[PDB]
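Below you will find the structure I want to go over with you.
A selection of the complex's chains, in situ.
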Amino acid sequence: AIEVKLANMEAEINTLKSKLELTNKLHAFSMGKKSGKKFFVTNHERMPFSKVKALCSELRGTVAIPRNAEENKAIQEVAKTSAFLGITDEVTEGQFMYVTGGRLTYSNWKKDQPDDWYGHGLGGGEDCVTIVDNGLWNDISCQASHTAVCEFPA
Amino acid sequence: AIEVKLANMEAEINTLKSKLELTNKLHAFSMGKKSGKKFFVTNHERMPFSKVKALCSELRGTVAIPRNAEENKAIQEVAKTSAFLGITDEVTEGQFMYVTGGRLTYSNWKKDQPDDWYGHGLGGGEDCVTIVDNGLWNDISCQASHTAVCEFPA
């Protein structure tokens, strides 16, 4: 009895894992994941950078990071408003790095940006980055509230 | 063997619980759920009130109830068309209550509503409530078919 039960239990668990993986694939598909491409998702909520980071982390994702034109376009299309990207220069002013470590290899800065502007009155300059409506980038205060767009691997 | 196998299964089960909780969180997020706020979902199907209640019940949710202007706005945004609300005066004519129990704490009745109208010919007056496109409320027959909008906890 005991051993047959344990073997059935291993089989129940495995079937459950298989079904959940299928559920996850279907969910990604319905959320717009393109074959073999990393995908972006948003709840359309605006919040400070630290919150987006915390939120996406809780989802086992990361704050969206465009690595090329295609991805930048994908994020632009998903967000549809100013959205934080996983890029900051908090560690060393002027040096933008991915939250996932490493210096920028692809950029799409709007003209005259980044400018580490202080005029926002929120304190400090601008150490975070957002993708604005047309896909161009702007450095903004990490304390300002923008759309949360999380990224999941290909 | 046996006890080590059983101990691994506990770990396998626990890991599955966490993964499924993650899937639910991601699904809620993709469905527009805002942090710490209840969310509304619809499949855009129109059906009588009894059907909406059974449907939301099966999904472990409840028929959408606006507790304030914000939520009322969210529900109308989700439904897009006339939808039933979890409020009726079926227990005592004239006294609208939440299906979940209790008297109304917020209302957005359109002018000259509720009127417990009989002119619809479905029999009886009007004991159910629909939120019309412009966020306003109208009492309607529970037998009429309107959009099913379910609500899930904050």
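Order of writing sets the chain letters: A and B. Residues in each chain are counted from 1.
Keep in mind that, in the parts below, contacts are C-beta pairs under 8 Å (C-beta built on N, C-alpha and C of every residue); 3 or more make two chains touch, one makes a residue touch a chain.
Counting every copy of the one repeated chain, the full complex in this structure comes to 3, with 2 of them shown.
Here, only the chains that are shown with their structure count from here on.
Against chain A, in their complex, chain B makes its touches with residues 2, 5-6, 9, 12-13, 16, 19-20, 22-23, 25-27, 29-35.
Listed in rising order, the residues of chain A touching chain B in the complex are 2-3, 6, 9-10, 13, 16-17, 20, 23-24, 27, 31, 41, 43-45, 47, 51, 55, 58-60, 150.
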